[PDB]
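The chain below stands alone and is given in structure tokens; this is the form solved without its partner chain.
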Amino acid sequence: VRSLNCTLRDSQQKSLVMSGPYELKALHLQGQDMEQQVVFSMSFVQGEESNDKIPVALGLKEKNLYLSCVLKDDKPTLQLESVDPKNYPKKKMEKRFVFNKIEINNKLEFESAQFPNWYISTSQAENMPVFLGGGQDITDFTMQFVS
């Protein structure tokens, strides 16, 4: 499987950092604090594809942790999920790990492949969790490539 290391920033230009072991949060960051941002390994996985819709998995660089979409208290919910480090990443990722990376107006949205029309989202407020949203909440991102 092919993977690229990258960071993400929301359309309000908030960066993403760890919020405990299994959550991410978004906040405005600049300067030395930039080292705190999460670096993703974006893997290009199997799934239905178009020019503007590309299936990816979002793992944390050098960690056996992936973003995943599951029902929690009966609601679609973004979680960080651990995996066996000997088996990942792989080309045929389970559907809960797959996001459709969609380019619209020079920004990216990440739609859950498991839950159509649910998107990786951030709040306008500082220091709040990254979540799966189904308006005020931000669903557009840019990507920064990392060496």
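The term rigid core refers to the maximal set of C-alpha atoms that superpose within 1.5 Å between the two forms. Numbering follows the first chain given and starts at 1. Compared with the form solved in complex with its partner chain:
Rigid core superposed between the two forms, residues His28, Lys53, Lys90, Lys61 considered: the one with a C-alpha shift of 2 Å or more is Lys61.
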Contents of the next structure:
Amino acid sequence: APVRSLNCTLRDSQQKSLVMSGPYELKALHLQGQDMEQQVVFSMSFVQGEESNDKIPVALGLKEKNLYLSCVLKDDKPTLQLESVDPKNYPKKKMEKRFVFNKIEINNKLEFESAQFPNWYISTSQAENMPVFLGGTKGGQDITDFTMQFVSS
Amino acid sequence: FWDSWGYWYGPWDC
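Let's see the other form, the form solved in complex with its partner chain, since the form solved without its partner chain is already up.
Now the complete complex, all chains and molecules, led by this one.
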């Protein structure tokens, strides 16, 4: 069977939506109901990873920009980055480790743990208009819990 | 391509 994907949007537990901050960055802010179309639409693929009832291995891409979210060690820091890919080759079932996130549902909210960096999560700051980043905890002050809205397809 | 249930199968450029 070939790789399957669904279109969706993310909203953190504090109701912040995700938008393009630049060509290779995402930021999080509260959008008015009329500005919702500025939010990024992700192509979420169900990829190869650890067989778990809790963790669902996924890859998150931005189809129109040929980008995938990826986790890389930048100098001494595990870092969330947007990486360009060849759309003729991606998505695929066997996504390289840097592209894999373990999607975990907890109290009806979603967390996205980096497979490359266990215990590191897709995170937002409590402050407005700050970049989306990789955070070293699902706890503390930063936000790691989201809701997903699927887009008609 | 989009199947009858709304899943996109294969790469972005099939």
